[PDB]
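Take a look at this single chain in structure tokens; it is the form deposited in one PDB entry.
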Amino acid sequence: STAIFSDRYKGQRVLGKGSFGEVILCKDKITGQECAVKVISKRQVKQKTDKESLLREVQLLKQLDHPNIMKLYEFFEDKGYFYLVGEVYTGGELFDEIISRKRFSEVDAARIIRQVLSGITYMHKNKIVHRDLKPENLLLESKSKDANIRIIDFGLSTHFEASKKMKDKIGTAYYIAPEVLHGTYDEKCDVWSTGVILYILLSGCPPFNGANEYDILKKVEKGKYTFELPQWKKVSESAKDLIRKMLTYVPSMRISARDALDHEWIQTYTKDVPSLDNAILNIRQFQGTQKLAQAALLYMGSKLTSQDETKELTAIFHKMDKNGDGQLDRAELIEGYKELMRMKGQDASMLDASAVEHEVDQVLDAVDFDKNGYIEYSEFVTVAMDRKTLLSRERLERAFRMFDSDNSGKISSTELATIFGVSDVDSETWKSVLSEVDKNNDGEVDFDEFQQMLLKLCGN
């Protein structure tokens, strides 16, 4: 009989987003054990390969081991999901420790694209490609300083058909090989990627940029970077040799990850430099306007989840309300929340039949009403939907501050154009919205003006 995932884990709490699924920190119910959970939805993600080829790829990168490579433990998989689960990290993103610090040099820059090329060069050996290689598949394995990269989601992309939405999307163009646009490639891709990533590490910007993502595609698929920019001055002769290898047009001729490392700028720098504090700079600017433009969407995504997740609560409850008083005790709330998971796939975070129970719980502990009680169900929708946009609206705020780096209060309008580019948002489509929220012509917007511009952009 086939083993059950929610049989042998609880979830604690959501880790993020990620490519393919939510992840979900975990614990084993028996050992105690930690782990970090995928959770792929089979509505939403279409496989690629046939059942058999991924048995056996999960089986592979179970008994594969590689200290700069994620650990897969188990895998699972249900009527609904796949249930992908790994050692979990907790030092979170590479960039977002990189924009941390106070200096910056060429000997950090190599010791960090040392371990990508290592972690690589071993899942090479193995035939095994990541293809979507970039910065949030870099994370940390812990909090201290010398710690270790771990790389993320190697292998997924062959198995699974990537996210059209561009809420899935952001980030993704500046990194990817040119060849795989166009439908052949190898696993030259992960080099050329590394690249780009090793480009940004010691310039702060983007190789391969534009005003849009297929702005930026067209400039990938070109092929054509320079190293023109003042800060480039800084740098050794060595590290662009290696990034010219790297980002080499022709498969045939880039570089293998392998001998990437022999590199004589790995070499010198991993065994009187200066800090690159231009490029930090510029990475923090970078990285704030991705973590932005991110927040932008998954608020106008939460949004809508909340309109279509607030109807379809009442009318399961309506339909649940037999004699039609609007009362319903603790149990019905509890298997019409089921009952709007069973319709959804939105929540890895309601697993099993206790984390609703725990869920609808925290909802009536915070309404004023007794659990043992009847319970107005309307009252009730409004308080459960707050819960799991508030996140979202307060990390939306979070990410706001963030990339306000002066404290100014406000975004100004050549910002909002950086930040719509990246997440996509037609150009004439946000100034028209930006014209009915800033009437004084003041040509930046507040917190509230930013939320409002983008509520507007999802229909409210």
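What we label the rigid core is the largest C-alpha set whose atoms superpose within 1.5 Å from one form to the other. Residue numbers count along the first chain shown, from 1. What changes on going to the form deposited in another entry:
Of the candidates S238, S157, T389, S118, the Cα that moves 2 angstroms or more after core superposition between these two forms belongs to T389 alone.
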Given for the second form:
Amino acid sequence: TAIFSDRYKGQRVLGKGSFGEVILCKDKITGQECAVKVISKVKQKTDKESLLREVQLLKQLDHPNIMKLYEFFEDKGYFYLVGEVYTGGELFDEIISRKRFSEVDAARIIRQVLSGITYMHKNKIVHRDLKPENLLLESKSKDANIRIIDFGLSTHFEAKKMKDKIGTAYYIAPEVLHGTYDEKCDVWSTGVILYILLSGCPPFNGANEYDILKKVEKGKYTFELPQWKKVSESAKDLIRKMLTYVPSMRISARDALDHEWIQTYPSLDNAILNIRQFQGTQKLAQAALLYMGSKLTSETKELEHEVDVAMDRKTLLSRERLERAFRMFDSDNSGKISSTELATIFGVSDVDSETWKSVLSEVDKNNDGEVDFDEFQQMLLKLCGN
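Cool, the form deposited in one PDB entry is there; where's the form deposited in another entry?
Single chain only below; no partners, no other molecules.
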């Protein structure tokens, strides 16, 4: 009968993760800091006996590229995953800040990723949801080791809410979609990510979730973009073997390490330009949805002090998370995003093309297919019952 609260005190929110929010916390005794994910009792997809056993297994595994899990707590309405803190943020968010990115840098990234994977598979743990946000860097620098997050989480939890579940279709193996899968799906995911690092472009793309899924399920892609000239044929080989449709024919994680490209390994300015566009788009569609979530959550109809109808305070604080992602997406500092850029943004956030366009004419009848930030804000609000 272990109580989470009798051990840990919350500090600041660290972000959101799969299945719940991530809260930085501190041991009331030893002062050690930890990242707690809280899973709001989300449906357990297996026995409540299958969980503790896997959790138990996970507590004992150790790899420089795998997140360390320290403790598991459950009360009547929640699950608490107490783990380690990694401060260097997500891989991609870093790379976009780089000014040079090369084939050797990507290889050094992937080789990390394949290490954790291989180790986990030896121990028969599948990830299934491997994606950029589940790759955090240990420290601030640009040669810090990568930790894979949530490895093992999804054999036990389900998910739906487009707020979350965002940016995931690019990476899921076709076989995951049809229901029959094994550890080979984590190899397929890695290939998508390898591909994106060498091109700035997902191998399977589209205007919304379903059309991406359709590309994935059909499973065909090309190197017929400009960006692939500078990219060696050794890499394209590895990519090919990892993005091999039938899982049994697909190359294992172990063997991806012994591949010529990894063992072996200019600059790729195009990939960086593209990867920046991808991250910003991703980051802004997310913010756009969080914002709409925050706006509904107030409730102010249910009517650490910090008292010292002050909802106005927490609306300005949400305006500027949105605004930050807007500014960061507007990289030419024009102040405006085009209707085209809108179509893309509302696409990955699954707002009906006809829905926002209508809302847009409600906000300002005389726009010529560009919105400033305030107009964008006005649109989102109207898209959420405001």
